[PDB]
Amino acid sequence: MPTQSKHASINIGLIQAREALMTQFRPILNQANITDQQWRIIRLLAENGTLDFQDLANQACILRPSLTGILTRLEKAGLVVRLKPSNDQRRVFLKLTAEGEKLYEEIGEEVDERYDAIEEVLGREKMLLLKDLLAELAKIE
Amino acid sequence: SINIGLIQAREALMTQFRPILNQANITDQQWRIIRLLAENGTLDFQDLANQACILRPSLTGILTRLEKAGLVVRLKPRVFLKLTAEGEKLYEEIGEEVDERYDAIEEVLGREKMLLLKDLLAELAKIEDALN
Ligand SMILES: O=C(O)Cc1ccc(O)cc1
Numbered sequence: 001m002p003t004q005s006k007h008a009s010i011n012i013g014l015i016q017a018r019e020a021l022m023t024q025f026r027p028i029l030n031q032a033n034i035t036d037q038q039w040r041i042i043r044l045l046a047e048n049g050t051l052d053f054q055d056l057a058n059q060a061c062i063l064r065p066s067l068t069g070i071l072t073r074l075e076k077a078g079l080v081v082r083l084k085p086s087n088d089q090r091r092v093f094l095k096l097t098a099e100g101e102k103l104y105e106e107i108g109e110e111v112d113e114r115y116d117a118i119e120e121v122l123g124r125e126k127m128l129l130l131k132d133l134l135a136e137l138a139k140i141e
Numbered sequence: 009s010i011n012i013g014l015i016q017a018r019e020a021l022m023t024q025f026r027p028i029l030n031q032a033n034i035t036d037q038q039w040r041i042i043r044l045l046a047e048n049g050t051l052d053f054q055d056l057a058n059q060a061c062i063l064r065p066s067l068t069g070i071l072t073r074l075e076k077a078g079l080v081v082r083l084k085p091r092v093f094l095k096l097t098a099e100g101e102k103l104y105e106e107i108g109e110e111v112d113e114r115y116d117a118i119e120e121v122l123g124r125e126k127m128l129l130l131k132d133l134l135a136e137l138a139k140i141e142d143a144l145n
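Line order of the protein sequences matches chains A and B. For what it's worth, PDB author numbering labels the leading residue of the first sequence as 1, then goes sequentially. Letter by letter, the second sequence follows residues 9 to 85, 91 to 145 of PDB author numbering.
It is worth saying that the hints were derived from the structure and are not from the lab. There could be a bad hint or two in this list.
Stated by the list, open to error - Taking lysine-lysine and the PhoX-like style, the derived pairs with C-alpha atoms no more than 25 angstroms apart in a straight line are:
# : chain 1 : residue 1 : chain 2 : residue 2
1 : B       : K126      : A       : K131
2 : B       : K76       : A       : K6
3 : A       : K6        : B       : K131
4 : A       : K95       : A       : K126
5 : B       : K131      : A       : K131
6 : A       : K126      : B       : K139
Can you build the whole structure from these sequences, using the hints too?
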């Protein structure tokens, strides 16, 4: 065995943590016919109201051409609508439709159950702390 | 959303470490595997798959290339995996630059916050098992 690095990999910790959430969320998403990437988008559009294409890619962490393809499909499905701003000719905003909002709620409630279970166990204070630290690490640069 | 927060925090780390891994001509997945092997000493294929969060056929491909590069050895003739001498060496020289970038990050957020995050992730993982 070599000498361990000074810092443990926060990266691997982040990856294992999200993957443990996904095994709990995978059957929920499968039944609603929604992928992991699709739900990141759906939950972000619901919670932010709207995001422009560029901000949506950064926050959902999806490569840009792949996001376009996903968006195209979500629009054809009637879940996502494009919003154009009167002060920028190229910039595109995205928002859930009525159908998209309803889908968010019915999936959102199922998903939130595990978040609630963890929160009743870990405590609201710690839960907030974890969310705030992730956001502080994420907003670096 | 802890889910979304987790992936955003990860994407932010990636940007900090990308230049280090690319200069070494190593991918995130390859580095992930090298670290897990280095830090566990020896692992079976399945355990490696689970800890790296990589599906088995995709892992086989990555392992195939790490072996051809002389960094990883399969134990032959359930399959076990181990780093070579060179793989260990690579872990140390890349690992040092990686620790350096972590020191810089820790200076931005603060050591206490970094430790808090590590502690909460560890507590999160132990809640997940308990609930199940
Ligand atoms: O945790 C590490 O080992 C550093 C690292 C972080 C993110 C990434 O994508 C690659 C390496």
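Earlier hints that do not hold, by number: Hints 2, 4 are the ones this structure does not satisfy, whereas the remaining hints hold.
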